[PDB]
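For reference, the chain that follows is the form deposited without the named molecule, supplied as structure tokens.
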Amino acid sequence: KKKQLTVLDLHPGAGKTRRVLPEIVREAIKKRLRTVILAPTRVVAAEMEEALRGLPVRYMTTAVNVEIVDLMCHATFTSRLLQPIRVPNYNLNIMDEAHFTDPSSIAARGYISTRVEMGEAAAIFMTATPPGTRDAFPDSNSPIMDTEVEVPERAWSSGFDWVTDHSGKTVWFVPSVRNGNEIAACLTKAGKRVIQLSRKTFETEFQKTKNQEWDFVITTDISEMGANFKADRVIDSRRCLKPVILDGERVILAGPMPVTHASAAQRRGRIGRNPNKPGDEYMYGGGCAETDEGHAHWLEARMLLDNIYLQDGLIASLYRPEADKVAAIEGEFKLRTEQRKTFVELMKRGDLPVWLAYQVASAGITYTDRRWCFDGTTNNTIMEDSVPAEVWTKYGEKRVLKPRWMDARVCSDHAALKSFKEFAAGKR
């Protein structure tokens, strides 16, 4: 029904995606409701075509090889809202894995919930862990053995025999890509077969969990968003890096620090999913805390939402239960037409973090002008192998990487640094 936002918060594995979602879609088709289904990732979008097989759904992603029901990724929806492209005023908005804390997912939730509040649409947010969840140990299809235990975050030689004595398969949530690299190298030296997953490698590398033999999957928090494993153990550091905007001028990666209860419940929720296989184990290495408070993703969500047309001059609010996570003045990030296009291109083609893309576009810099990558303060020098990183500019001059605005996420691992060096050199 219109003006209704429903939170479908069945416990993990209860069947929200494979049982309830197809029933909702069939009903929406019957009622001739223009409907959008929002999948967190391309991998999950492919899994949804399997669950929705038969039904007339337009899949707006090349991730599926195959209507009044559209399916697209969370980020695609928000990106299309930001661009001149026409987006239907969907009568029914279904967000699967609606706990995703990516800035584009938060922004989408704010847009959708505002259209519902205005009485223009209906929405269903599907997630075991709605915003504000305080339960890290929800129900599961089969019982879980929960154990609080010290979990290594560096290479080890002794004192953690329980890690390597296990003969099943383990999903291990690490605080960072670099921390996961070190743990992976340690496990590999101990004779284990390890697959590593992160945000930017997920679609490629996740397939290895089906196609290869493995003993451990080392993953950051991307695997909290519908990623399905045939494991019988989760090792959870219970730690994450928190992007924080410091003194309004830079972004640091603070911590590692506790994950939220929702994140911990989602990580544990990778196991206990088979009602016929009890005895899955969850080993956790710390407590939870509300570390989404002040987390840059919710500031970045407001930067996105301030630039989405809703109606005349109105600006969509964040979804009420997560609106308190950021201190921001509504509309303070609204950009005019040309600066907004630069903003969008810096985020898409530029592959820059939202906060950084905003600093560049709001300064009046055009997308291809990379002088700002070199004219920052000395304290903004980016290091590679303990020496200042250097690139050849598009002019042919070798220069130290020293961006005017420093966002730790452009150089937090080797791959991110490689990408930002390519950006500073004008190569995309």
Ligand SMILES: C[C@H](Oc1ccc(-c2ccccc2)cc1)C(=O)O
Given for the second form:
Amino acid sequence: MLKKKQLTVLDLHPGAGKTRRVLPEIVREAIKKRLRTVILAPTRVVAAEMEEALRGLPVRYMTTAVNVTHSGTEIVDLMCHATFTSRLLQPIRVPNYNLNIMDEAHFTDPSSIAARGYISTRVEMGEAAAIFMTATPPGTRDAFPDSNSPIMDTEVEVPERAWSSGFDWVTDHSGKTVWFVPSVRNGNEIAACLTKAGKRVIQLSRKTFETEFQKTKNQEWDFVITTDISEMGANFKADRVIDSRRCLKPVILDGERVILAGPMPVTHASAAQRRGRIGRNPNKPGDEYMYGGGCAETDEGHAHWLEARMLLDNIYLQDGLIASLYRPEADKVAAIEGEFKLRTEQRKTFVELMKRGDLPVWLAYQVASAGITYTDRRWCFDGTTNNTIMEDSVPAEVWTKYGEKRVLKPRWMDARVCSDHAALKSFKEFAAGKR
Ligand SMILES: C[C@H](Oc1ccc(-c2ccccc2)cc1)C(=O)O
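In place of the form deposited without the named molecule, the structure of the form solved in complex with the named molecule is requested.
Below is the entire complex, every chain and molecule, led by the chain shown above.
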């Protein structure tokens, strides 16, 4: 598995022991062969779980999620998928790792797709080996894979709004349920409905994940309401999953705006990962999976694959060569390698708009490619009337860094900057010159 020019897909079913049993054995063999190795975790929660599975092995934890210190004699590094892609983009030398291990390799955020593309290109060049660990590799068509214990699969209408009647099975249940919703706003409405009915609810999303996930271990709860982020190796002591089978899809329209289309069907890989949260204990058969729609290949034309190409076009590989996307996911976007390659000063602005600005990749690219510098926010106010951002049915307003009250009307509109209250609050701070 560790021999050069080889990319292995470790696709044992969910709960088979890829992280706790297989990963430590791979790491011991890599250290025995003196292979400089990187281990990529999707989130800080998974990074902390990996430290427990690898306890005692000499691994350098490049994350504040773990408090270890480090002897300085480690040849194995562990960091998040986003951290790897970030360091490749920045003017910091990333070692040319002999072995590249990606856990939860099905993650479809732009930085995870870009990491797979870079790593698989190095393997294709004959420079390195790689191991992608996931039960659901790209293009998987099976939403119902094997599990540690039998699961009761039931197709049923699932609420996506508050309800007064017609869904007694949802609240009549005495165990713990993990419920996948298509958006933070949709989860807020379901959570309020369940709280009014006397249930204890925890809500999870990308921005709150680490803090709120701790509550699932520290307090008693009846429901966890979560977006698709919990598909990335998050584990729960639950006996039921309720799956809307829906997600939002970012879509670039006419190359000039990004909308959040849907909700629409999830992929088979997402459905198998949502279901895969239960049936994990061989001693507790009969965990339930209630699902409310079919699957479709909604990653085709999804903005994340075009955003992954924007990142890869701006990562040095060798001279003018540019890394390709990992072959099984390369047809998800219609893009020419190198079309998003920026000159040095515009590339530095693109990186800073993502790293410090916290803007979506597509929006950071529009601003940097237009020749605008990082601190210049005039573009947040000079768009057309149809780009006005709305807050509680009235235009959002901010005080500019000049002390002028203005309506938020960005030159390029990316729906992800106002998808929920937290995102719009962060974007208002950015438009005001506060970061
Ligand atoms: C804030 C933290 O970022 C870090 C990024 C890199 C390192 C590091 C450790 C040893 C050697 C070289 C680099 C540590 C932390 C995080 O992202 O959690």
